[PDB]
Amino acid sequence: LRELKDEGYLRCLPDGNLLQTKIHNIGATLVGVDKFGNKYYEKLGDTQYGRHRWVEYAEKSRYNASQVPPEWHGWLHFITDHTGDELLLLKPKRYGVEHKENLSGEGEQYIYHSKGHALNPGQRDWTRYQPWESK
Amino acid sequence: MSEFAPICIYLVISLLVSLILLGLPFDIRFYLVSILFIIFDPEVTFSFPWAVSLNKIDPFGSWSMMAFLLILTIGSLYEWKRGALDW
Amino acid sequence: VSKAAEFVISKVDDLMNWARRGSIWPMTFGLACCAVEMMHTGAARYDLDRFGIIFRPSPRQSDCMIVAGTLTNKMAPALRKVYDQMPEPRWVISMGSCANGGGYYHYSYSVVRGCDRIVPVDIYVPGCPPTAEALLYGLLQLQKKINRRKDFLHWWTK
Amino acid sequence: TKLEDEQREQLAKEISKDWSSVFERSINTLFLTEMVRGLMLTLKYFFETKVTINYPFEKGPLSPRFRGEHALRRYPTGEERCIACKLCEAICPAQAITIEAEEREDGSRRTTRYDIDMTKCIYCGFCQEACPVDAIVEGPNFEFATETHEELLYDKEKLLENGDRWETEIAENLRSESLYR
Amino acid sequence: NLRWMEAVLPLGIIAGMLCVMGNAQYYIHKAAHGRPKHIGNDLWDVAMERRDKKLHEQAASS
Amino acid sequence: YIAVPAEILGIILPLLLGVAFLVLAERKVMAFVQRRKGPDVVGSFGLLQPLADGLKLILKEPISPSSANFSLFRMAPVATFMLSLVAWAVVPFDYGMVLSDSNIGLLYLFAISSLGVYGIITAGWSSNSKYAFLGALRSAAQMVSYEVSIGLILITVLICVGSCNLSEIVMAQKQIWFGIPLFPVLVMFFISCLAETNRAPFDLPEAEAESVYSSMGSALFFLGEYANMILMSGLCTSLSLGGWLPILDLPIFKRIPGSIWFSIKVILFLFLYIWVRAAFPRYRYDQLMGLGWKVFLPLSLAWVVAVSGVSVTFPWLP
Amino acid sequence: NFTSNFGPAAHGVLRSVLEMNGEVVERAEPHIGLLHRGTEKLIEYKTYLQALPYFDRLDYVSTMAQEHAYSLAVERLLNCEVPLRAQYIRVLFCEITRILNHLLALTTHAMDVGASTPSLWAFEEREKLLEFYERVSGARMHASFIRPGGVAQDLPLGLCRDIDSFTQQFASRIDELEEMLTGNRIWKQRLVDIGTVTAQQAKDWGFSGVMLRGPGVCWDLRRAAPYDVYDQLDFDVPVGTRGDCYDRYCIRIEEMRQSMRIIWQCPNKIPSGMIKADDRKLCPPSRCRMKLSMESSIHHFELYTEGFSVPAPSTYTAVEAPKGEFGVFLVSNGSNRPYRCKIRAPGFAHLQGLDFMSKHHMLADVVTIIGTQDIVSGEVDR
Ligand code: SF4
Ligand code: SF4
Ligand code: SF4
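Chains as they are written, first to last, in the deposited numbering: chain AL, 21 to 155; chain 3M, 1 to 26, 57 to 117; chain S7, 56 to 213; chain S8, 42 to 222; chain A1, 2 to 63; chain 1M, 2 to 213, 220 to 325; chain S2, 10 to 17, 21 to 394.
The following block holds chain AL by itself, in its conformation from the complex:
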C-alpha cells in the first residue's frame, strides 16, 4: 500500500494534475511502456476526441514534457497511430542518439554553446586569413 502510495499516488494531493490523470486512469486501459519507464494509456470510447490518448511520465516529482521519446511523441500527438514499439522496431541503425529532454537550465555544460561562445570548450576563431608568424 504505502509503497506505491509514496511512489506515484500521494504526490497528487499537492500536485493537482496527477489527480486528474489518476481519474483518467481509473477509466483507462494500457497501450505502452517506454524505457524511460513511462506509461502511455488510451481510454478510447465515448469520452471525446481531444482526450483519449495520454501519458503518465513515471517521474512523479519533476515531470516535464519532451521527456517522451520521438516514437511515442508521434503516437501521442496523433500524427500517426503507430505504436512506439513499432516505430522502435524501425529505429534507424548504424547511428543514432538516445533521447534527452530539453534541459536548457541545468548549467551551461548540460546546456551547450556555439563554436565562438566563451563558455564552449571549443572557442573557435574566425579570421579567414593567417598572420605572418615568424619564429
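Please keep in mind that the hints were generated in silico from the structure rather than gathered at the bench.
Positions of the beta carbon are idealized from the N, C-alpha and C atoms, including for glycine.
Some clues are possibly wrong.
[To be verified] Straight line, CA to CA, 25 Å or less: simulated DSS-like cross-link-like pairs of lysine-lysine:
no.	chain 1	residue 1	chain 2	residue 2
1	AL	42	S7	199
2	AL	155	AL	135
3	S7	205	AL	80
4	AL	135	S8	127
5	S8	199	AL	113
6	AL	111	AL	59
7	1M	175	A1	38
8	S8	127	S8	54
9	AL	55	AL	135
10	AL	42	AL	63
11	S2	281	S2	140
12	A1	38	1M	261
13	AL	113	AL	80
14	1M	61	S7	136
15	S8	127	AL	63
16	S8	91	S2	281
[Said to hold, decoys possible] Sample of chain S8 residues at the chain 1M side, in silico, Cβ under 10 Å:
no.	residue
17	58
18	60
19	63
20	82
21	89
Could you slot chains 3M, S7, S8, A1, 1M and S2 with the ligands onto chain AL? The hints should help.
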C-alpha cells in the same frame, strides 16, 4: 442596550486584525443626485416607525402616510419632467 | 552549517518557490499576431487559469511580462516605461520570433531587433506564431526556472 | 430630427394593435424572460462536460505536415544528406540561413558551416521544399524554449545534425507525404 | 459523472466556515454563562436574570 | 469578560477563510460555465490556490504610495474593512447563535452600508490622480442610489412583520418564506444588491478605472468588496428566504443542524451572483443611473404601497 | 475640453487621444504608427514566392484571404490560368477564413462590451478551424498555402468528412451564440443607435466590406466582380437597413451563415483533378518528377533560385476580405522582384471612420465603435 458593548469590542478587534493584515508585507449631476438622496432618505427614516406600528393605528395611519408619499411623489414627478435625473 | 537549520532553510525556500510559481500573474503585451495565439492559450482548450495564471492588466501588481508580437522603434520607450513600473520579482517571456531576435522584419528599419535590447528577457520561446502548446510549455519552463530559486538561503548566507 | 418623431409614432402605432400584444410585450420586458433564457443556457453549459486539454499529460492533435524544430537527416549508411546546393539559403525568405562549403578530402562536397538562427527563421516551410535530397526537414517538435538567445541561434550544423534523434518519427511523416507532395 | 461537484466544492467550504463561525460563538457563550443565548431580552428578562442569580447564590451560600 | 473577544475572533477569521475560498470558487464556477476548468494545479482540486496567491502577495516587494502617506492613505482601506466586518456583527446563524441582538438591526445594516460609501469615496480621493477621483464620485452616486432602493425594500419586508431584530424576522418567515409572495420584491432586492457592490452587470466605474495602489492596499480593498458581497447575500437570505428553517416542515429535515440551512441558502445566492456575472454584458453609466432613478425607485415604492394595502384590509397584520 | 489619453481584452495596440467635454467625445484621434515594419520596402528587396508570407502576415486574423488577393494580382499580371480543383479548394478555404475572422471579431466585440462566455465558445470553434488549417498545410495560423497559380499541396483524405461534421455542429453553435446575445436588452441598449453612418459619408470616407454594406448600399466584390468560382456558388449577401452597431452585428452573423452555405456547396461540386498549374515554368514540379526526370530538375532549380519573371505592366487587384476591399497594387517590371507592391487594407478607412463617427458619444461607446469596426493594427499600419 448592553449589546453595543459586544459591537464596540468587535470594532476594536476588527481594527487590530486589519492593522495586522496591513503590516505583514513590510458636476450638477452629482449634486442633484445627492440632493434627491437627502430628500428620499428621510422618506425611509419616516417609513421605519410607520412600518412597525400598523396595528395600533387604523386606516388613519395608512392614509396619513399615503398623503406624505403623495406629496413627495409629486415632488419626484416634478423632478422627472424637468429631467434632472436624466444623466 | 547547523544541518538542521539548513534543512529548515531548504524547506522555506521550497515553500516560497512553490507559492511564487503557483500564483504567477503575467502581463500581456499584445503587439502582433502572437497575441491572437496567446489568447488561444488563455482560451478554453489549453487553459491557463488552471495553472493559477490571471492576465492582470495593471502593471503595478503583475509578475511576468509576455512580449508577444513585434517591437517598433516608436514602441520601445512605452515598453521600457511599462517594464520599469513593475515590482521587484520580475520575469520576461518573449513570444513569437520577432519579439526575440528581430525575426522577419529584423532586416528592416523601424523595428527593434528583438526585445532583448530593451528589457532583460528571461525565457524567450520559439514560434511563428508559437503553437499554444509551445507557449504553455514556455510558461512551464518559467515555472521550472523559478523553482530553482533558493532565496532565503542566499539571505541567510549574505 | 422631425422625422424621428413621426417614425417613433408609427412604430408605436404598429406594434400596439390590440390589447393582448401590449400586455404580452409589457410583461415580457417586465419579467426578464430573455434573461432567464440566457441563464438557463449558461447553466446547461455549466453542467455539461469541458475541453481543458490538461496539457502536460495529453497534448493536442497535430498533422504530419507540421513545422517545428528543424533537422538534417542522413542516409541509412550514416552518410550525410546535405550537399551544399545553397538552395535553402537562396529561397530563405528571412535570410535566416548561413552556409559555407568546401571540397572534402575524400572528394565529395559537404558543408563546413550550416546554421539557422532559429528566431530569424520564422517557420514557413520553404526549406523542406527547396531541398533536392530531403536534407533539411521540419520535425514535429515544438518544445524547445531555452532561456538564452544563443541557443535559438542553432549551432553550426552540430545541433542540427542532432535532429537525427527524431530520425524515426520524421521518417514516418515523410512516408505519409511521399504520395501527395 | 460528478464533474460539477468540482465547482461547488470550493463554494461548499464557505458553507462549512459560516456554520463553524456561528457555532463557535454559540458554544462559547454556552460555556460562558451556562445556557444558550436568548433572542430579544426585554427589561423584564434582565431583571429576572439578576434576581434569579442573586436568589440562587443566597440558596447556595445559606 | 474574555468570552467576547473569543467570539469576535471566531467571527472574523472564518470570514476571511470563506472569502478567500469565495474568490477561488468564483473563478472555478465561472470557468465551468465557460466550458473550461478553473485553477486545478496547485491544490488537489485547486484548493491551495488562494493560499498560494496570498503568499505571493505577501512576499511581493511592496511599494509605498506618494500621496498623504499617513493617516489618510493607510487608513481608508482599513476603514472600509472595519465597516464590512462590523456589519457582519449582527447576523443570525441559528436560534440565538448571534453575536449581538441589537433590537434595531435593520437600521444598523442600512447605516453601515452608507458608511461603506464613505469608505470608498475617501479611498478614491486619497490618491493623487484625478481620474480615480471621478471614478470614486461615480461609484459613490451609484452606491447611494441603489441604497435608497434597498431601503424601500427593507421597509416592505419590515411591514410584513412587526419587530426589527433579525431573529423575529426569521420566525415570521418560519411560517412561510417571504420570498414566495414577494418574489418580484426579491428580484428587485437582488438587482439592487448587485448594483450596490458593482458586481455583475454594473461595472463601468471599475471597467473605466481599468481602462483609464499598494499591493496590500489593493488586497484589503478587494477583500472588503467581496466581504460586503457575502454580507449582502447573507442578509438577503436572512430576510427573504427563511434563515435556518427547513423546507416543507417534515421531521426528517429537523435532523439537519439548522445552521446548515443558512449556509446552503447563502452559498446558493453566491453561486447566483457568480452565475449572473458570466452571462450578461455591462451597462453604461448613463443607463445605470437612469435605471436606478427611474425603474427601481418607483417599483419599490409601489410595492411598499401595495403590500401595506393588502395587509391592512384584512386582519393579517401583527 | 479635457485632453484624455487612451492606451489600452488585448484589442490591439493603438493610441487614442480625445478632446473631451464632460462625458462627450468632442474629438477622437488615433495615433497608429505604434506597429510599423516596412512591409513594402521588404517586399521590394524581396521577391514573389519569397514575399507571399508578408501578405500572410498582414491582417493576421484572416490569414488566407490576403494570399488569395496577392495570388490573384500576380495571375492577372501574368496570364496564368488555374485548374478547377485549385479554384474550388481555394474558395473553400477563403470562406473558412471568413468564418474564422467573424468569430474572432464578433466575440472580441462581445468581450469589450462585457460578455465573456461567447468569447470562449467562439475560441473553441476557432481551435477547430485552425486544426483544419494545420492539417491541410503548415502551422495553425500563417499557412502559406495559396501560391501564384493554385495551392501548394493537395489536401488529405477525410478532410471533407471532418468539414461536414464541423458544418453541422457550427450551425448549431452560431444559433446558440445568437440566442445568447441577440435579444438581450443589455446588449441591445448598449449597441443600437451607436455610431450611425449615412451612406453618403460612408462612400465619402471610403469604407468597404460589412461597413459599407451596413448602411443601405448593397455592393460586395463577390457579386460585382466575381473573381473566382463564386458564380456557381450562389449565396445571399445580407444588407443592413439603418447603419449602426446592431445592424453591422446582424450582418456579421448572416455572413457567417452564408459562408456555411458556400462551405457546403464546395465539397458537393469539387471536381477531383489536378492542382496549381500545367507549366513547370510558373509552378515547380512535384518531387517524383523532380528527382526522376531531367528538365524537371532544371525548372525546379531555376524556379526556386530566381523565381518567375512577370512582364512590364502594373495592376490593381481587390478581394472581398472579411474586413473589406483588400487591395494590392503591383508595378512589376521585367525582373523577378515586385517593383513597389502597395497594400490597401481597409484599416485606414475604418480609422478615419472612428474619427468622424465617434463624436458626441461616451467612452464606452468609443470602445463599442472600435469593436464594431474590427480593426487590426497589423494591417492598418503594415
Ligand atoms: S511571425 Fe512574429 S512578427 Fe509575425 S505576426 Fe508572428 S509574432 Fe509577429
Ligand atoms: S537544399 Fe538541401 S542539401 Fe541543398 S544546400 Fe540546402 S538543405 Fe543543404
Ligand atoms: S523554414 Fe523558411 S524562414 Fe526558416 S530558413 Fe527555412 S526557408 Fe527560411
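So which of the earlier hints does this model not fit? Of the numbered hints given earlier, those the structure breaks are 2, 8, 9, 13, 15, 16, 17, 18, 19, listed in rising order.
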